[PDB]
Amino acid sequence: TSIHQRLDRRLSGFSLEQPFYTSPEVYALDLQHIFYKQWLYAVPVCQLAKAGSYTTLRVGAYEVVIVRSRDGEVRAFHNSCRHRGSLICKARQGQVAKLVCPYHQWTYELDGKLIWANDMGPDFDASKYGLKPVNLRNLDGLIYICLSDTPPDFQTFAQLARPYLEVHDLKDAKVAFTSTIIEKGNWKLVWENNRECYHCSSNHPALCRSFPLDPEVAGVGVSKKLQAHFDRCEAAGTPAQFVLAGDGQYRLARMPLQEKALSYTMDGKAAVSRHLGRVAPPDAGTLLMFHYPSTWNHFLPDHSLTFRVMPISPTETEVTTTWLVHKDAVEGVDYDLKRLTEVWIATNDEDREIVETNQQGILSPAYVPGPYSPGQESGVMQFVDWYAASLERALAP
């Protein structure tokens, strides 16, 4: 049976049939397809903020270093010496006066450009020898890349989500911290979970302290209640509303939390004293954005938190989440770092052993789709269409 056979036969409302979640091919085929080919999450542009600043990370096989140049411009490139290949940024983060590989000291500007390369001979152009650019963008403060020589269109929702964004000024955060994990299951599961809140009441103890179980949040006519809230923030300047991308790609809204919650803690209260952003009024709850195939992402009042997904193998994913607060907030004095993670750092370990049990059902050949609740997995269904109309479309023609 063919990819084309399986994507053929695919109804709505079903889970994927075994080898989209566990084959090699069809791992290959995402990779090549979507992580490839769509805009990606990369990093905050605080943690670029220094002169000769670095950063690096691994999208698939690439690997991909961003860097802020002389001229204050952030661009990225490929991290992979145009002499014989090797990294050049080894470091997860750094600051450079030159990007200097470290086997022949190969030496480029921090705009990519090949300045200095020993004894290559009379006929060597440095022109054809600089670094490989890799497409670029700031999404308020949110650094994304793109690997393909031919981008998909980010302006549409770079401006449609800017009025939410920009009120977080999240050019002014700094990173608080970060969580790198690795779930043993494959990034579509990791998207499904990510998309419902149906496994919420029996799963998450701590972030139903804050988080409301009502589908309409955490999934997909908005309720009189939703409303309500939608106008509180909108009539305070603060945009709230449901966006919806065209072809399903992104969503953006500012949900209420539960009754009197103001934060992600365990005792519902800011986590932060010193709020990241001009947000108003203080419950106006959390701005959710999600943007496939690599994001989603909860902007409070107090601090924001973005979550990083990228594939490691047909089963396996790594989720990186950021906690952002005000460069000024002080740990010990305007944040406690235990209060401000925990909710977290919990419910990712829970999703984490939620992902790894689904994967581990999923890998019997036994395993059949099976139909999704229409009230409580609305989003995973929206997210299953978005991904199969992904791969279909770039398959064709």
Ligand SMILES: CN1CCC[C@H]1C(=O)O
Given for the second form:
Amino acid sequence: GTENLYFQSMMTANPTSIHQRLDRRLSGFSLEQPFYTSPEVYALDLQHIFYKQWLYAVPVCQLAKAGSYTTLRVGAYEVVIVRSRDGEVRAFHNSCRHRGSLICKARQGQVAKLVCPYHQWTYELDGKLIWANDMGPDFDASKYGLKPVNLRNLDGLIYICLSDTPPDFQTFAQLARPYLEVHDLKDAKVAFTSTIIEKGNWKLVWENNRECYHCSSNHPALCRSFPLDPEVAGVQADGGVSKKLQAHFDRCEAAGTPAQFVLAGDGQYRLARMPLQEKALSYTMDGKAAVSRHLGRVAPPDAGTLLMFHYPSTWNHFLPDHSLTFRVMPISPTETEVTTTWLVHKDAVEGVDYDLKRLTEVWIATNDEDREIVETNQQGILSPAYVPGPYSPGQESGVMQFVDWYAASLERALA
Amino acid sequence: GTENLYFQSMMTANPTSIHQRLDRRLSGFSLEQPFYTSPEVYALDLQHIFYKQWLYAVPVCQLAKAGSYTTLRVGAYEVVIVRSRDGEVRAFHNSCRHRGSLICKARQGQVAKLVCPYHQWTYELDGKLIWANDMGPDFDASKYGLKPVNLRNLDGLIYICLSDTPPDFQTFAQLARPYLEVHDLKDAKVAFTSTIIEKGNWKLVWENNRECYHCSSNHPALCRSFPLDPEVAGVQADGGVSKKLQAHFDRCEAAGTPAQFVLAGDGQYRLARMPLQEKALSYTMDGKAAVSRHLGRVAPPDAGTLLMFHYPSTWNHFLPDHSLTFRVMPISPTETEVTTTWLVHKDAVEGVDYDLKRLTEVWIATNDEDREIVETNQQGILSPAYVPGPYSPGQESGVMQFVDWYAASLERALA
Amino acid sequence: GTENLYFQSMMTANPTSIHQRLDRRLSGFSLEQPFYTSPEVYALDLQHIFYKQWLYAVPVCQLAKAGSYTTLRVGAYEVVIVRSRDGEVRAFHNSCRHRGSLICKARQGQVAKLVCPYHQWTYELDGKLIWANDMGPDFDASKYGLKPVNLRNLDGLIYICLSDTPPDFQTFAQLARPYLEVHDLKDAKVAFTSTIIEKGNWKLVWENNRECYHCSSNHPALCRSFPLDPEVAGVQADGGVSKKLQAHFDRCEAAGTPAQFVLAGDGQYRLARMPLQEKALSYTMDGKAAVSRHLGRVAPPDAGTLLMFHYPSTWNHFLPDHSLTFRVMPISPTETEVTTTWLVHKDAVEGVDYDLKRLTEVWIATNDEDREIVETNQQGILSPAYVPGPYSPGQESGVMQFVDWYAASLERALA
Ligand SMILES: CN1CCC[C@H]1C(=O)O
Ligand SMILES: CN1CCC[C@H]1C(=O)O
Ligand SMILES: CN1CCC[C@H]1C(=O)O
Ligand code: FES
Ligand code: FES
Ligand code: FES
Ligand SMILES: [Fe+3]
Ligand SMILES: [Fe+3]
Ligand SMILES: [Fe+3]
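Would you mind generating the form solved in complex with the ligand now that we have the form deposited without the ligand?
Full complex below, order starting with the chain above.
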């Protein structure tokens, strides 16, 4: 399979020479092999991208209850996110300060205190070490609380940053709020979660995500509701919006629902509320709303889909009736974890207000089709005969946009 | 298992120092550990041996039909071999020139055109890019056809070479033709294929193949039909042929069937038509022909077995009634893929002219026994206590011959 | 799982800089990450610790019969231990001197001679090559006997050393004999063996073993019979023995059973006969003897447990009724094999004198609980946020003792 091909390919690969490769890179072409296949570049992507930027973790509604927690792995980091006694959500390194053990072993739960399973060093929900057995009179517990992790709440969506010197989150947060607040995500519940591993590099997952050049042949279910128009998927709107699209933005905004396409100065994130195809209202097989009790106050009913990406961790679709978040996490040079979360109103009842299959089938199928595509792409790229090829200017503008953001971010980090 | 032992062994291994190891190598001894166990030597074997020499791929009869194709992996290369519209068989890198994707995902099939599953760039069966959607007015498709792979047809057997500067194939092809043509391989069909992975280095598979020192204890089925006489398996005939053997060569050649032992000047290949044991006619449990409708025009009926090896990819047995090809492909430092293909006349009918079990049981068993032997050999070699030992001059002349060819080829490539 | 976390963690890890890390190490703290996670340190641990020190292999009673043998893997070494024709137990490298093959493929068995399965080079049970087929007149078999492995018999327990220059074993052997001889281990049989792989570094297995700081929360079955008192598990007795403990040592020694705590000058090994909790006599759920026919002549019946450790390979519990040996063998940087062997009197009859479940359930459970603990510890340590933490002086004195022995041994080896 791909794991073998990965080993085979790295055996004869030329040196990574990253500065030389970055120097000769042209924006209109796919990346040279080792960006997608080498452990050297993968290590740089972890150190300089995933461990330095803000990352989407989970919806805040998963931490609704007192003492609730959820855990996730980011690269080699094990993080626990908890609702503290004061109602604040905080994140910590899930590593006991005694001898290093994980403290929370389950993916989610509720606790009164964080108690290490090894020797029961006990921490308060704010990270403070409040009991350590028989450590002697010269032990200073104030030096041994859990190590915090930088955390922000983006209007009901929890973001974290593993750096001691996180970049600016506030510009993004301020920009996004008008678009997100109308979805009332703090009042959501998780209706379903799907976690899959795709056997391709995280950048291949993103390049695939940032175009619909592949969609008509590969996504029969999605194409019923999501338009193939390159302006929707891509970033050609940044230079100017078509009349048809602006007319949609205006219908939304006349109705009080922010829609207008906005792209970060540095290209890290984009928000836009795009029309669905034809008469579709939601990502379903019949095109109608999946949930009869809407999540948020979006108007009009055919307001379409709020697209939001924030590199490197997340793309999202916020519809009038429900919302979907996607989290991208690196597993190895040729493996990527994608977590899709369906959010519905907290009072929407499964079997009454929505049907689980009807709610999820379209994107379950789509993700599976994307995974197959990404994996097939990865296998060809592993050939030593692979060379960069040209992106379509009309169909892949969004791919070039992502690859530029990635290369610039890496260049800056290596400076 | 062996994968663990591989990791354990490389941890404490001395540096590879390949030039120093090559310098001190004596031809009468097995190779020092890292030749059989190290990823450093494995990488050199791929780069300098498998990616530079002509390799057996598949019988041409698998590409009998219009638009037929077959795919194979050689190291990290994914290759597709196709019968083009003009009747020519060509090979290409199975990597789309857009973003790199595999084009043909199945092991075999038929197509009208080669259509990439990702964004449907469409290629003619000669590799030319004939359609690429929405690539703009400055896109030159003539720069983006599939990359060709050097290919030859050795009398019904397809060989390929991954180098842009392939070595001479013509000397071998010219020498082999008289021996092969009488088997009419272009009129064969594949009756059966067996693919196994042996957990030993590709060179251990070859060293095992090039002797029958192990045969009497390890191959009860084979020994019924294949002689143990070292002159048969080995290369002592190169210095002079025994009277008994020459008498066999003469029976064949008086009957118009080329038999005489011939060995390449550089040792890369050897052809010889050798007698079977006793009264055996074929590789069966009862010694009689497996197929009643013969593949080719070999005479007399006890002409025996045409042995042909061509390093590094193939050994072969061509009998009067059917033929067997073996393809050796490297998987990792301690793994090798061996593909055995049974060829019979295209009009031979399974259940009438041959029985599948009767046709295949002997070599299925033999390959399994060889695999066990090679794997057991590999495990001992992984010990840091392993040191070269002496080959038997009488029983292992053919092993020394292979190891010399390998070492010389590596020396020349590193020069 | 852990294998992924291992790969993730090594990607961004700082250089190992082992001399710098060793230089700054403080004895009161857990080790810096790469000691527990890096392949570089693992390679040094194999080369300088496991391949240089004496290691426990198996009880001699497994080699009771003529021509009996047993095999084990130590790192990448494959070793065979055999009872020779003269009654001596010897060990050899299980690698044929011809081409390297394993000779003995089974874990245990009996043979007349050691016959290589490949080409049947035949060795006497003392390693001498007595037959090699068709090797020519200039073959000197005296140069090609099996390579010996240094072996000692510690009062019924077989120890080996992979170095050509083994350290002193005699000081340990002489010290241990009075304690061990009363267990009559030469008259034992193996009642049961359990082999498990724990997904943590071998040093984490040892650090866990050398404290009961974790025991009250994690070992309900064990705590019924094994005391939590830090003086029992640890090495605080080295500076002076409590009155209660000395009273126990005196009961044993008045009765002729050596008990007194003794610790090696260099800390490599320790023997002590410790009291069990409450009225317990053995490691059972009811606290009574597991076997009605005792192994050895220990007195009094509540003499408790003879604890013996010898780094890096073994800890042991010798009770009045039966004994348990534990063998620690490295598998990878984050994997360790632990083999627990229950020894009972050779005439003790399963189903009459002991019940298999009753005999083994306590330590089967305990080992499983330890494995979970070690694996959870390993996962947290893999975080790049992991930093050394302080050991409990009162509860983890034995952990510091082991870590000191390890660091000193590595320092000396690198000198
Ligand atoms: C639906 N795909 C194609 C382009 C947009 C992307 C998304 O999920 O945002
Ligand atoms: C049958 N074995 C032993 C020597 C020849 C080899 C072969 O398959 O060509
Ligand atoms: C029972 N554990 C805790 C300390 C002693 C250790 C042992 O098995 O020797
Ligand atoms: S590792 Fe957490 S209390 Fe010891
Ligand atoms: S990768 Fe083949 S058409 Fe895009
Ligand atoms: S490898 Fe043992 S006899 Fe040949
Ligand atoms: Fe898609
Ligand atoms: Fe064989
Ligand atoms: Fe324990």
